[PDB]
Structures are given as C-alpha cells and as structure tokens.
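The form deposited with this ligand bound is given below as one chain in structure tokens.
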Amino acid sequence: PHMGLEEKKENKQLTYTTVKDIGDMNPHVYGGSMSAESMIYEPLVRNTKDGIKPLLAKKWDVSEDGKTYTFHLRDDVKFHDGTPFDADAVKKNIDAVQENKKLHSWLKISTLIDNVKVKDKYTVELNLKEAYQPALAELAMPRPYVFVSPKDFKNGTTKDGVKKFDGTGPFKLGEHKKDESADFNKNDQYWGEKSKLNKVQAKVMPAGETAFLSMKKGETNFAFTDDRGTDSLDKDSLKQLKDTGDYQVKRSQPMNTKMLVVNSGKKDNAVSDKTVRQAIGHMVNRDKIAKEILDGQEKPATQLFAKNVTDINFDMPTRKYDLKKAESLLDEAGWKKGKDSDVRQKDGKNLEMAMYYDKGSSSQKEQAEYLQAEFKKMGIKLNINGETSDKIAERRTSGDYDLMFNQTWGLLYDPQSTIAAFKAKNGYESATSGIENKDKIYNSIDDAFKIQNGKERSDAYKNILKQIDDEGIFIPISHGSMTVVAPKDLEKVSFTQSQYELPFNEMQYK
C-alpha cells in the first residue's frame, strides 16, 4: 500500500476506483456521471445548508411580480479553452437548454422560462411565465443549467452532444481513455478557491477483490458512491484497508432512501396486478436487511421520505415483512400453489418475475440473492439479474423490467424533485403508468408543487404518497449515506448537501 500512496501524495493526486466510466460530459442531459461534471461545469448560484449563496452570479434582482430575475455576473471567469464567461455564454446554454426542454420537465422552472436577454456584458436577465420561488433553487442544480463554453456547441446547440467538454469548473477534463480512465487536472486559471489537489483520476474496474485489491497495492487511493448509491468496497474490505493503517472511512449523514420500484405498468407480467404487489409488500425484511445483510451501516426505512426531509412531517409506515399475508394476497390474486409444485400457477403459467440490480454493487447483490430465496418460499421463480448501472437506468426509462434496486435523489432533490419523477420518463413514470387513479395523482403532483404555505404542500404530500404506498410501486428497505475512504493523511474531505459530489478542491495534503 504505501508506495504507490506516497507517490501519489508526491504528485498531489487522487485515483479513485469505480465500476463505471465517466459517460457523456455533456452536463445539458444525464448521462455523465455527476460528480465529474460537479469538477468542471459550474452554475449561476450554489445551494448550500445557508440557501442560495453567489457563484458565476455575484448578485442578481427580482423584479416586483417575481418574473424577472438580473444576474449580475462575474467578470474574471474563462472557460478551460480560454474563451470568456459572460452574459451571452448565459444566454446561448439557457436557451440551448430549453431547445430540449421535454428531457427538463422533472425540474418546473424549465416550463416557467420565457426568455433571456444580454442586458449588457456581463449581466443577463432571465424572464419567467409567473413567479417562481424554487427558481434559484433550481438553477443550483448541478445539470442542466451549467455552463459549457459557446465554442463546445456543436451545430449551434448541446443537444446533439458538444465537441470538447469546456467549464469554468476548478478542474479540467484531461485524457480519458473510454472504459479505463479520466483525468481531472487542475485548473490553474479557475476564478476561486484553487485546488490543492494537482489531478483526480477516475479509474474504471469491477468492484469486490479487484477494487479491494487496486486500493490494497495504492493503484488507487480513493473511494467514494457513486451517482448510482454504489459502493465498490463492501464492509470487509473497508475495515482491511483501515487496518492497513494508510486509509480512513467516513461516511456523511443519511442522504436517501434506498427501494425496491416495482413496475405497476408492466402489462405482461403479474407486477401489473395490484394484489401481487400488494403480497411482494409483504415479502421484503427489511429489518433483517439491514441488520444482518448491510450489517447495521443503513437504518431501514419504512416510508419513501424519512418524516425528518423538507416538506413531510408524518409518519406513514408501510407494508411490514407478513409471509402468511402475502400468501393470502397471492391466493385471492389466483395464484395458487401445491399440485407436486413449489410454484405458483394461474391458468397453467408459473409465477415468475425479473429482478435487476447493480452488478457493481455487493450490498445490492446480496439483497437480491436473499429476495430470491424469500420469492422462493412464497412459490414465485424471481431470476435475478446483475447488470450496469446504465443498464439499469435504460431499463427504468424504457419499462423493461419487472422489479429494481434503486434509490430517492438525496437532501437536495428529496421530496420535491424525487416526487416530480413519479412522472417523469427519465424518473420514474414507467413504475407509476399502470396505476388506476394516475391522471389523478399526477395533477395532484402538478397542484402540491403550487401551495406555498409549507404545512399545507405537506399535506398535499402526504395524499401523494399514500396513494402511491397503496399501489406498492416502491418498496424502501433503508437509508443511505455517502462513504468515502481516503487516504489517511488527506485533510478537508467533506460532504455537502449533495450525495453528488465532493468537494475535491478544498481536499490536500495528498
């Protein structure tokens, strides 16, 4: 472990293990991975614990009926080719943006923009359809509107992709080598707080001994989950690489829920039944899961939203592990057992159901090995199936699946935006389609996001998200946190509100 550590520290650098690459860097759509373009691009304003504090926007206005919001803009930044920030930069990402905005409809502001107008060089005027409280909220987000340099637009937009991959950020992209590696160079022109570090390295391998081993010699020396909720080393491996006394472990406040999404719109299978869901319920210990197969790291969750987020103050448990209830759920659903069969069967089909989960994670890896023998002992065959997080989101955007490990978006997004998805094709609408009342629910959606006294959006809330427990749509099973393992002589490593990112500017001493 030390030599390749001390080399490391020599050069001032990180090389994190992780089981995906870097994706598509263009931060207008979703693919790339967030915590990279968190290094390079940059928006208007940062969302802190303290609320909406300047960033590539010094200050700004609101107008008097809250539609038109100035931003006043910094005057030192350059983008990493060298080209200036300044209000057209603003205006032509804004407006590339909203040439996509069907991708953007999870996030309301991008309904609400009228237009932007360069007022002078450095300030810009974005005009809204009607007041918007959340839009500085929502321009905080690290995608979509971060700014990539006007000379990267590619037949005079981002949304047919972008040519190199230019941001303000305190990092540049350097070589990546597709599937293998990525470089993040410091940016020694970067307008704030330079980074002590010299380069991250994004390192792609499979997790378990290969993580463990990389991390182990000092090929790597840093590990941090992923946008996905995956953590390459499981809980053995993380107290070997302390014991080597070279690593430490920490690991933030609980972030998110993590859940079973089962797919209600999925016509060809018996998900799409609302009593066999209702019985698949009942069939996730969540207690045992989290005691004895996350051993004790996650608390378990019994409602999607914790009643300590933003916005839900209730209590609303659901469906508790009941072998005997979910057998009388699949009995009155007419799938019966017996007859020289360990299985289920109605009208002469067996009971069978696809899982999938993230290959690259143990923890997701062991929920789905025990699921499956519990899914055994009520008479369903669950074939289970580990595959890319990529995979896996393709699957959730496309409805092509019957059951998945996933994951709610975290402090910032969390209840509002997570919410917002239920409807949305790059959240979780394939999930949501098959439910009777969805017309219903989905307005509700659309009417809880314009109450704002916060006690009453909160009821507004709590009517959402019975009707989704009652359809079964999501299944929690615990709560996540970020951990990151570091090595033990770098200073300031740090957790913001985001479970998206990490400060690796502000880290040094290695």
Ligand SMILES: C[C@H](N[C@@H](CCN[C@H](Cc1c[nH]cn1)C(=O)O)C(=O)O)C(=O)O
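Positions refer to the first chain, counted from 1. What changes on going to the form deposited without this ligand:
Both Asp459 and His282 lie in a single rigid part of the chain between these two forms.
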Second form
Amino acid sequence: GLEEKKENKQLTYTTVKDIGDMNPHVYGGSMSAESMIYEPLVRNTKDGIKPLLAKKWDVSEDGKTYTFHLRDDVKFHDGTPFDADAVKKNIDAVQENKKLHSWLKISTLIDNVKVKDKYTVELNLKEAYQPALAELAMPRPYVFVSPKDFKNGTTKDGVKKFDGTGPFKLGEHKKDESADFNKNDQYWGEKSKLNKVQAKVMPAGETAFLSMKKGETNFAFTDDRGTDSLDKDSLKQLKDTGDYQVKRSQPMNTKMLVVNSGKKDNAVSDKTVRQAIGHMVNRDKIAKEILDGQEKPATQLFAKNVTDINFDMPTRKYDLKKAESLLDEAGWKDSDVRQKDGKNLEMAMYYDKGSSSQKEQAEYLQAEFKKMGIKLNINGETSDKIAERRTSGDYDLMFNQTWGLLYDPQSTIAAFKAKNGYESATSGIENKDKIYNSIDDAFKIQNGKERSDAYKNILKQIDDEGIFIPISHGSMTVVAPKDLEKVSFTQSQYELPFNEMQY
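Coords for the form deposited without this ligand, given the form deposited with this ligand bound:
For this one, just the chain is written down, with no partner chains and no other molecules.
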C-alpha cells in the first residue's frame, strides 16, 4: 500500500482543497503547486539570494537597474525556448494588470523593461528597493509561462496551457479530486528524483489520518493558508505506526497581539498601559500549555531567520509587579479591580473564531487580566471582519500575524503604515512621521549592514511602544515516509524541494 509508492518513487499528499487556477500571474493557484512547475529569476534561500534561471545579475547604484544574465539551456514545458524576450513579455503581461499586484511594492516601483540580446534583460525601476530581488523571487507573480500560451499576448484574464520552466510538468487535473505533477525530463537543473507528486483532495482530520495510515496518501505539509490536515494526536499515531516521520521548520511568522495607539477613546492610546500589558502575556506558559509545544514562544517581532534580522531584541518579559506599577503610574488604581476618574478599566479584544488556539489564548488572557483588575471583552469573528476591523482601527486589542518568511521583513514593516496593515495602530505615536519615513528609506539602503541597523532602529521604537506583543512562532509541519530523505525547508511557508527529495 504505502510500500508500493516507494517502488514508483512517488508522493501523494493530502490537501483540503483543489490546486486552483494554475495561472501564476494570478492568485487563484496553490502556491506550492505553482513552485513545482514555474520558476522566478532568483531563488531566495534560508542562506540569502542565489542564482537559478538568471545565472548572474548586476545591480546599478542609483538603484534602478537590475541587469539579468540568463542561463540559456532552460526550455519551456511545451517546447518554446526560454530567452530574454520571453521574460519581457511575461513581466509586461503581469504589469498590464498592476491593479491586483499593487499589494507588492515592486509592482508599483516599476517603469519598464527591455531585452539587451538573446540572453540578457534589464529591469528598470521608478525608484530603489533593495527587496526587489526577494519579491521577484516569489513563486508569483514574477514567474515564467511559455509564449505559445498567452491569450492574444495577455495572461491576466487567462492562459491556454500551463507550460513553465520547472522540474515538474503538470498532468491530469481532476477538479476537487486530484492533481498530478510529473517529473520533467527536459528539466535543465537539479532534476526530480521522484517520478510523481500527486495532490489528493480530502478533508482535514479523520479522513486524512486514515488515508495516510493506509498509504492512500503518504505526504502532508501545511498548505498556503496555514491549514494542517492532521492534528497533534493524529501525528503521534502516524509516527507511532513506524511508517512516518514528522518534521518542523524554523519559524515561519510571528503570532502576536496588536495594540491600538490610534484609538484615543481607550487607555490603549496611553503608552504607559501598552507597556503595562507588554508584561502581562505569559509567552512561555501559553506556548507550552495552550499550544502544547507545537510552536516556540516568540520574544521579538521577526525571528533571527528572517531576512536582514541579525539581532536579539527581547521584548518585555512576563512580570506582573513591573506591570502593576506602570498601571498605577498611568492612573488606574477596596478590592482587586482598577479605576481612573470613575470609569473602570475595560478593553475590547477581538480574534478569529475559526482557530481554537486563538480562542484558548484569548480566554486565558481574560483570566490573567481579571486577577489584575482589568476586564477584557473577547469577541471571536470571521477572518474578514478582523481584516476589515484592522483597517478601520476598530479595536483595542486583536490577535494577528506577520506576513511570514516569504515577505518579511519588507512587507510586515511596510504594513506598519499601510491603510490595510497596522497603520491604524502605528498612528497614535510620537515620531509617527519620522518612523514612517525611516521605513520608506530603509528599503532603499543597499548596504546589507546599514539596512539591518536601519530596521533594528525602527523596531526598537515600535517595541518601545508595545504596539505588538509577540507570543509564538508558527512553523510548517511536514509528514513524510520514514524512508524519504532530503526534505528541507526554504524561505517560504509555501514551497518545498520536491525535486530534491529521495528514498
């Protein structure tokens, strides 16, 4: 059963959903699937940026000229050659649709692009952005689909077939059932060692645990929405059968409480209380006793594996006697409860109800807080009303996350001052205008060490503020056969090195 997929050198993984629109210049497809069959110009790796498809590249100073010298012998999956034009028509087509890509700064900061010869391509920016290469490195949108396939020279809207550059070719697609990714034999680089990777659509929990148990599936990894098909116990049981190993990646993000400097109605505008509460979230107890060792506790905003974050910056430790002074020191003072100017001390916490862990920790803090005289309202909502509640600034406290390894720290820092990021919380602070500019300017700084300290200085202030109280580090969890080796993680909560895996 499970042994017969080792003999065909094959992974069939359980997922909760169809792979979707495999157009990589649009946001329907499954991110992990798209990385199997398409490629960017440069790979972003745990250990910095590396070549791939663009063997070497120059960067000008004024910081607006990426010149990419392309590996030649790469070949599209239909049999169109890959050269320097193909890249230009790709990027143009993506950039015709700037509208839905404009969450990604490089899409905005672009002027145009031109082909220097059959294997050389210049990219020109409206202004400097050191991160460009990282955003270029994402499996969408900046990835390559054959000429033959466009629809009247366009891609957004749609594309004829899904021919890319990657180590796997796309085979049968049974909408909501199964999707076959078949070893590419005209792959240029590190060719796949598995013949096939198959997605097999089914629900999380019991039906997935069974499939896995019987070798109907034999692989499982966290999907592009953070959804994991097997729970804690179900993993032990898998492990327990002796046919499975379970791996976990480095941190892929930072789950955190967001605290609203912006709302003058509430004490939450007052810096003294923000820091008071910065000492009231027992990271370690929560991390072990609510999340059951499954995530590590997070003592700062971007863990040390995030690009350019080369520093410790331990945010405030759990300590209620430091917290209790700060609270008196901001006003809030018969029996155990707080009070300033008559109004008792209350806060409105919101969270996403579609995750139990968020409710459990939401409620755990209602307890901690009660004991200390404050009262929290704990209101679980649909992920959309949280997102919409974020932007509108309509909260005291609300759980949330960093964008993750693929995007960070660029995106989560930019987010500190974007309409639909945490601009709402950032706002209510002294030097907001300084800090907001430190940020625009930090992304320009080319010297790796300058930018690194740039970022350090920004975040020291934002930590100074207790806008964000970190709690834990989400990780991706992979379940693989015991005798499958070479399973690694990368700078992404979406991609895995299927080409590189082996029995």
